[PDB]
Structure formats: C-alpha cells, structure tokens
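A.B. asks: So you can see what is in the structure, the chains are spelled out below.
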Amino acid sequence: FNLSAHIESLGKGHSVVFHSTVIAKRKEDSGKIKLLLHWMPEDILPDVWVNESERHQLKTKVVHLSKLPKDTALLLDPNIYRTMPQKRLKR
Amino acid sequence: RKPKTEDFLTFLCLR
Amino acid sequence: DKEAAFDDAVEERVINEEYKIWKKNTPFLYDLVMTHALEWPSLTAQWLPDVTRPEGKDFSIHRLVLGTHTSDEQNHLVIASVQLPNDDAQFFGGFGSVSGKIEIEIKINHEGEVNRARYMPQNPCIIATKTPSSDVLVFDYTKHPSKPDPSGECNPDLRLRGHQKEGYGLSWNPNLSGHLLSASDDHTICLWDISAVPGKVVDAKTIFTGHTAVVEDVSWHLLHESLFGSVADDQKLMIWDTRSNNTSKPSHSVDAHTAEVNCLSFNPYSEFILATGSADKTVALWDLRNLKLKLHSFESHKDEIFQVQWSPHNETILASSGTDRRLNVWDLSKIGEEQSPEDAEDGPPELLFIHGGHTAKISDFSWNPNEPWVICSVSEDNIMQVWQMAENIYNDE
Amino acid sequence: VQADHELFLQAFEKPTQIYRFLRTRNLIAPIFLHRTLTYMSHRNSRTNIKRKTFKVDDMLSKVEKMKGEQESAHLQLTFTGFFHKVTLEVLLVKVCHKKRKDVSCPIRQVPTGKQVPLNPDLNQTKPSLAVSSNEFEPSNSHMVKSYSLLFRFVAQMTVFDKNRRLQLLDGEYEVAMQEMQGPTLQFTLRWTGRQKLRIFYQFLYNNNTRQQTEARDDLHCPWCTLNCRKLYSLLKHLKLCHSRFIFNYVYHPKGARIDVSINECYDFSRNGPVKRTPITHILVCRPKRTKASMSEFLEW
Ligand SMILES: [Zn+2]
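For the record, the sequence lines run as chains C, D, A and B. Residue 413 is where the first sequence starts when you use the authors' numbering, and the numbers rise one by one after that. Residue 150 is where the second sequence starts when you use the authors' numbering, and the numbers rise one by one after that. Read in order, the letters of the third sequence correspond to residues 3 to 93, 105 to 211, 214 to 412 in the authors' numbering. Read in order, the letters of the fourth sequence correspond to residues 79 to 149, 154 to 167, 182 to 209, 211 to 223, 228 to 253, 295 to 322, 351 to 363, 423 to 496, 514 to 546 in the authors' numbering.
There's no promise every hint is true.
Stated by the list, open to error - So, partial list: chain C residues that the calculated Cβ filter (under 7 angstroms) puts toward chain A:
#1 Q469
#2 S478
#3 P490
#4 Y493
#5 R494
#6 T495
Hints are computed from structural coordinates only; laboratory data are not their basis. Yeah, the Cβ is synthetic: ideal placement off N, Cα and C, and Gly gets one too.
So that you can see chain C by itself, here it is in the shape it has in the complex:
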C-alpha cells in the first residue's frame, strides 16, 4: 500500500478507498441478522455493525481525505503533522 499510488488510481486524486471484511456476525433475540465490518486500510476507520442485506454497496467505501477522522488520519504518513520540537524544555 503506497498512499500516493492508491489516491492516484482508486482515489481519483483526493480520496482513500476502504475495503470491508466480515470479522463477526450476530443473530438478535428478534428475527434480524447483523454483521461486524472491519475496514482495510486498518486502524483508521472504526468497525461498523451492518444489516445482512446491507453487506453489498458497503464492500468498498470511498472517503475524501478532508473527511477522514483527523485524529487517525495522521497514521497515513510520518509528515502529515509533527510536533516541532517533539522534546520540550519549557511549557
């Protein structure tokens, strides 16, 4: 996974494209089946509980860079944001 190459192909030059995987399934006390989707690239998007019918049209998810969770969006590269200097003498 090269961020630059990915954004340029799948991402149309501005987005990240995520792929889901079913990592769990549940059958409620009521007649309904829910699935736990895990996103790839990992550790950026949270796991989402989804209806058994909703699996399709959720196999992929295209997120615009400005829409990525900002806290976790920095994991994408060492130089998106950095604390300069990291080591502080004074407050």
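Using the hints, position chains D, A and B with the ligand against chain C.
C.D. replies: Just chains D, A and B with the ligand now, with coordinates in the frame of chain C:
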C-alpha cells in the same frame, strides 16, 4: 487529442 | 529514534515550503501583515490600552508588553511600540524591510524569562510578571529607566510570595483594583491585594488548594468581582468565589477535557459564557448557568492549545493558539450552518480563519483593543506578527 | 536527445512530487482555508448575517433541548464452542485517553478468565460462563477513551465506541479468530439487569515546448485537484500556491494555453532560545472599506 495534464503529472510522481 | 531525526529534517523543509506558500497568498488573506524578528523570543504578548496619534501624521502608536527568553543572557520586561496606519492608509512582500515601524521603547532588567506579563487595568503602568522562580514581580514601568543598567540588577516594585514553583497563570481583577491571582506547578492559586499592602515583600491574602495537579491558568470573571475560574492538569475547570470561607473546595468543579487544561477566557459580553483550551486538541465552550453541559467543542488544532481569547469587539468571536503552529479564529454564530461540499472540505462552519504565518509554537497572542480584528501573535522562533485578516471574511457587500 | 528529455522530466518531477505530497498533507492539516482567499470567495456558500442578532446567552436553552431528546446492567457471555479445521481467556481492554506525558493511548487490561469445547457436535450437545461487572461508567468518560473485549488465535470487539454508544446488543454471536474456513468462537451475549473549457498546459524546457497536455477537469488544479471555479481563480491559485513554476497564460474564447516553466529564483535550532538581529517587514497593508478604529479613546 493530447494526453491529459493530470495523467502527465501522475506519470511524473510514479517514477 | 534515528528515523525520527530524519522525519524532523524533512518536516523542517516542508514547514518552509508551506511558509513560502503562505507568504505569496498573504495579500489575498489579509488587510495587514507586519512581521518582526525580536532579538530573543517572547513567551508573553499583550497590547496596552493606550493609542497616541501624532497631529501631522497618517499613523498611530500602539504598544505591547513583551518579555525575553534567553540562553545564558540578561532577561528584560519589554514595552514595544507598533505604528499602524490610519484610515487614509499606505498604498509576497509590499514594503519588506522597513524601519521605525516596530521599536523597543523600554527594557527593564528581569530575573530570568518572563513566563507572563500582564498590566493592571486600573493603572496600566503596573505590570505583574511570572518568573522561572517562586516570586511574582510587580513593576510600575514609569518608576524605572527605559535604558537598563548593564549590571543586570532586577529591582521590582513588589515581590509577591508565595508559591514553591514557577507558573504561567496570572490575572488582575478588572473590578477590584490591585487584586491579582496567579497559578503555579505547586497545585495552588495565590491571591494578593497590592492596592494598600506595604519590606517590599507582600504575602498571599488567600491560597486556594482545590486542584490536585499543576494549575495552568487562572482568570477573574470580567463582570463579577468575587468570581474567578482556574484550569489545571487535573483535567478540571473550577469556578471560585472569593466570598466563600473554604479555600480547599470550589463553587463548581467540571471534568472539562480528556487531558490537561491549559487556558481559559471569560467572555466580556456575557456574564455566563467562558471557553477552555486543552492538551486534548479542543476548545470547550461553557455557560455558568449549567456546567453539567459542554455547550460546544471546537475541533481543528492538530496539537495542544495553550491560549484562547475572546475578541474585545465581537461577542461571538474567539481565537485559539497552540503548538500546531496555527491560530484559529472561531465564530459561534456559524455553528451548525449548512455548507456546500467545497465549503465543508475547508473545515467546520464555526472555523472563520486559520492563521498559518508562524513556523514554531505560538507562545501567546493578543487582540488589539483599539483596532478591530488586529491580533499580535508571538512564536518561540523570535517572530512577532501584527496582522489583520481580509475584511470580506467577516464583512458582507 | 534522451539525456535532455530525462533532464526535462527530472526538472518537472521534483516540484510535482512536492505539490502532490502537500495536496495530501494540507487536505488534512491546512496552512490556510481556501474559502478565506479573496480570489476564492465562491467557495463559501454562507454569509455573515446571523452575527448581528446572534446572542451567545441563548445557546444554553437550545443545547439543553437537544440533550432532552437523546438516549445500569450486568454483561453475561455463555460460550457454546470453538470451531477449527481449548482454553479461552476473556479480558476487558480499557483504552484510556492520552495525557500530555504519554507517548500513546495507555491500555489497561482487566482479566475476566475457562474451558470451551473444540468443534462441538450439534445434536450431541450436553456451558462456559464468563460474566462482566459494571466497570463501565459515564463518570470515567474523561479517563477511558473506549472499552473493548479481548478473546484469546485471538479476536477483539469494542463494546462502547468513542461517542459512547453500546454496539454489542443482546444475541447469538460468532466471531472470527486470528493467529498470534477460519477459526471461530460461538457465544450467546445478554445484558442481564457547465460549459467545458479547453485548458492546455504546455510544459516548456530550454524555453521551448517539450510536452503538450490538456486538462481533463478544466478548472481543477492538475497538481492538487482544487476546484477553482473560474479561470481568474485558477490562474491566481497556480501562480501563488505553485510558485516553483512560472505560468504564462494566453487567452482564448474556447479556453486557455497555460505555459508551465521552471522558476529558477524559487530560493531556529528547535532546541532553546536563539539571539537574532531585529528586522521588520511589511508584507501586506491595505486601506479598509469601513473605518472600524476606536477613535474616541485616541490620544490627540
Ligand atoms: Zn494546486
């Protein structure tokens, strides 16, 4: 027709 | 480790690249940008309330309370003068490398770095400073020479005891002359009544022991003389009442943020609203009528926030600064406004303006009280900036 | 020849890489808001109308009402069997909020503890009980970021997210396990209480055209995909945000010919304070339309 500017520039990065 | 040192070198380059991009776009983001390189950095910045207009001249003199942060050299409490144009103003850079536009008027010998310097609103000649030592110093600049004695001898007008450590928090009561509060890394808030108390040492009238961690900031309520708020690494916001006989417990205690709370600011237009800044990268909004609700959380800073100040001219305008090297101006009237996809891409509707002119942590900043939307902001790389965002950002037609 | 063409390619490759990298960085961590540029006014939908009538005081009533229209019990888990082709310990993973000192979010592990059947034959069944106390709290919300369940081949599943919402509802579960089709754990969980312009970019080297191109998305910046909406805005954007290049615009009623060439004039310690020679520069100074100055408090 000419190559697209965006594709030229993409070529330039992926090298 | 070794990988981090490489990424820091890359970053230095990227920071300068972005800096060049900001410089080119300045005529299209601002109505005014003055950039000054101070001899030593200033950990503090505050506009004095006065403005002088020379009779046969197209500018006015404004002044600042700065300080120094040295590396094995003499520290001074500094009063700088800034010349801003009038209304019949001057015609990348436009007038790059100018002279006689920002000058040091007074420099007074100080014992170590000025962590914070603030003027007494009732008599703005009196400045209180926060030293890297235990004492809080009081200076009447008129009672001192402008040109400092090269011996370096620091003779403050008052010596305020006592904390056991240094601090940053410092606040004069705008409704009780000579009532100063200060916060310290010793978990306490001290209170002095310099107004009548006479050697040249003054002990604390009251010490508030509510916090259980380094107290970061303290501020009096701007309309009610017996109220103040304090913020600490406690993760807590505490509202205090001087009238209360119990200095170990506050009037209100709030679990304000998910990390250290570094600053607080009371709205001058409202008796109920205040805002806090935190290491959690957010600015929280509070209404004293119900502290069990965080009215709003402003999210945009990529790192710690160390300063938060309301506009003296606009009740809905708040500015925040920090270690992400940015100063964000927020508008509460835009909270919740619907946005086009293009608009929504730049950020939330409450975010009015990002000031990316600094290439280092922002130590402090101050809204000019005489010139609307003019801010002075100081970074740890010695750069001070006097700037004003383009009118069409806040005005219409 | 090919040596000169490679030098051309090399000249344009260095700034293109920088600009394409900054496209990613600034989309997450901006230098400035594009909507605030004067030549980008169209970008912002909204106006400054509310402000004159906005009263900060009235926010409490509005917020208190939103809260009024918004949303305890033990958690019991019964294990039916581990499927493959076993000792199962469950933990409560408390991921706590990061404090200034901390390098990253501190993880606190609380052991819960049992023997679960391997490939249990259904229609041959004859149980493993592991309950969880109310260790969750809306009180420690300032300390704990999120709560999660660790099953150990290992598998993890969050009980409460960041915005603190219960996502593990009552039911019959099946989770996929991992090393260090597919190993599985089966349990029962219960909470027991508009017109196309033709824009050509000609790339010049040795001040003669070496690459002729045409923008696909006409008024989008080829380097950073910014949708400038007007040719006026696109030319300012290019010239100011991509100053490593010199852009030479040539007007056409059907579009434009922009000539891209290399700008051959493009150009503290971070450890402790550093002495400097004072110097002042005035980058911008423009007369304001409406005079705002507090002239009443002005001395002579
Ligand atoms: Zn661009």
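A.B. asks: Now look at each hint and say whether the structure bears it out.
C.D. replies: Against the structure, the hints come out as follows:
no. : hint : verdict
1   : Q469 : 21 angstroms, violated
2   : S478 : 5 angstroms, holds
3   : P490 : 5 angstroms, holds
4   : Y493 : 4 angstroms, holds
5   : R494 : 5 angstroms, holds
6   : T495 : 6 angstroms, holds
In the structure shown, a violation is registered for the earlier hint numbered 1 alone.
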